[PDB]
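In the block that follows, a single chain appears as structure tokens, in the form solved without this ligand.
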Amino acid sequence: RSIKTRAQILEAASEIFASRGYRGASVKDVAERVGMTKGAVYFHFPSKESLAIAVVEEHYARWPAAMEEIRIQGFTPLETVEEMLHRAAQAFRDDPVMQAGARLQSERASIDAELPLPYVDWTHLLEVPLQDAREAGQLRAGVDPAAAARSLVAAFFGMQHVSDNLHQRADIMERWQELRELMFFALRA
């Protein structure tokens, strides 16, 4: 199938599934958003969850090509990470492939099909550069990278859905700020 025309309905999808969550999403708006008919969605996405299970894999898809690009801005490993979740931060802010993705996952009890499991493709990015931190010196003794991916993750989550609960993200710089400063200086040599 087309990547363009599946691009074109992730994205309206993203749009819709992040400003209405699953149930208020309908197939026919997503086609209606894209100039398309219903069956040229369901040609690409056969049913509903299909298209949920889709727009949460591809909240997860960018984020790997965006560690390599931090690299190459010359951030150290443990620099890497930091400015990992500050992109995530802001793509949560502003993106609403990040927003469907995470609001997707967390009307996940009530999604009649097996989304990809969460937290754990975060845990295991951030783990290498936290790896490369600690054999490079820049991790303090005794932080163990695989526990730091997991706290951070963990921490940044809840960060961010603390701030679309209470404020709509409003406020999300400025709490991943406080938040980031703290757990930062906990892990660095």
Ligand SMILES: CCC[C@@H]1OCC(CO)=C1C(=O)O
Second form
2 protein chains.
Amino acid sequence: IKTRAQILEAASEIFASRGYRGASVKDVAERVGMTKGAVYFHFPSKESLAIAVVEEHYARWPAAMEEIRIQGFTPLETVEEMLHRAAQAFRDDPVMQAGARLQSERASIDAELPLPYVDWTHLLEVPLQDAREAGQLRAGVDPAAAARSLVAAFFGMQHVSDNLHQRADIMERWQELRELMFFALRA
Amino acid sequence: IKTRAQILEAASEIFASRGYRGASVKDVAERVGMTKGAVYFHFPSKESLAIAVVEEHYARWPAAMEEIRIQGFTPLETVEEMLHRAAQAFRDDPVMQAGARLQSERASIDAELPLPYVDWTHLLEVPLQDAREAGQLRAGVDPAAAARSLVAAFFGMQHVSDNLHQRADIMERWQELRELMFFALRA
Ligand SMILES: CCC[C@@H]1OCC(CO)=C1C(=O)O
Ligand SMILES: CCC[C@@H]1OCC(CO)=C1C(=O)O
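Compare with the form solved without this ligand: the form solved in complex with this ligand:
Expanding to the full complex; the earlier chain stays at the top.
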């Protein structure tokens, strides 16, 4: 039988390609192999399905940061590698593409989706605090401000890449912007 | 009688507050003082009205850059002051707020709106080229890349500010990000 993750992947594919309005639970059930009633057991409405997709595209990242940390990357290199991985994931992964598209549509999706930006901001602030204490971060740079700036800039870069080029050029666009941001952050 | 600009301002107010779907020509006509048939003389459909709002929120900026240039600001200070003025304008001006909201909604507005980002990218590239030739721009920084990075980062900053805080904190959010970007751009 199909798992929650399998249903979520199918839902992600459809939301990424069609948006919330154009997606249906009927089409998710067909894609994934099961009846609508069976899907509703896992996700009782289209709204709850959308929420689960957005939540998942955030909740995955703490574990990634832990994987990087235990390899001994410095605080600022940890932030860099997280954003590298995010860029590849928006490029490739339907759950990320769907999470972003659902959040793009938030003003006209009647569903209580998680607040954008704040999870990644909170996530990155921690290594950025360590970077400050360590002497890695340029004097006067506030870690909370750096976290906000990085998340907003990265968000904007990936959004532009999506809107204009379906994220095909995302890695180059991130490289050129990251070079400036990290030049400004490094002591 | 009402001018095109007056109709466009009323339309902007409604689009900014309600989005494209929730806006109507009927409500624009009521707001501005005139019959729907009289409004349709200027803008034959809701689509053409939306296009005019988005086009206007871009077309205004070349003149602003000229006003700054003739005061003798350096190439990089010209870029800085343009983005300062953009931040205040998104904060305050319904036409800017509407332009951004209509572009946010572009994937589900059936209207041929102008491509986002490219006008501002082209606009800023010119002074950034001058900055390079002048020796103002850090060695190795490509002007076209800097223009893209600045537009995407600024876009993201203002979007986050809108989504979370209705742009109330936009000037502070821009200051902290601009400090990093321009630290990285200046020779
Ligand atoms: C560092 C990822 C920033 C990010 O990009 C898309 C998106 C979806 O709203 C984001 C978020 O909410 O944090
Ligand atoms: C420097 C302004 C960047 C900008 O912010 C909102 C928006 C609307 O799509 C933008 C654009 O298209 O260039």
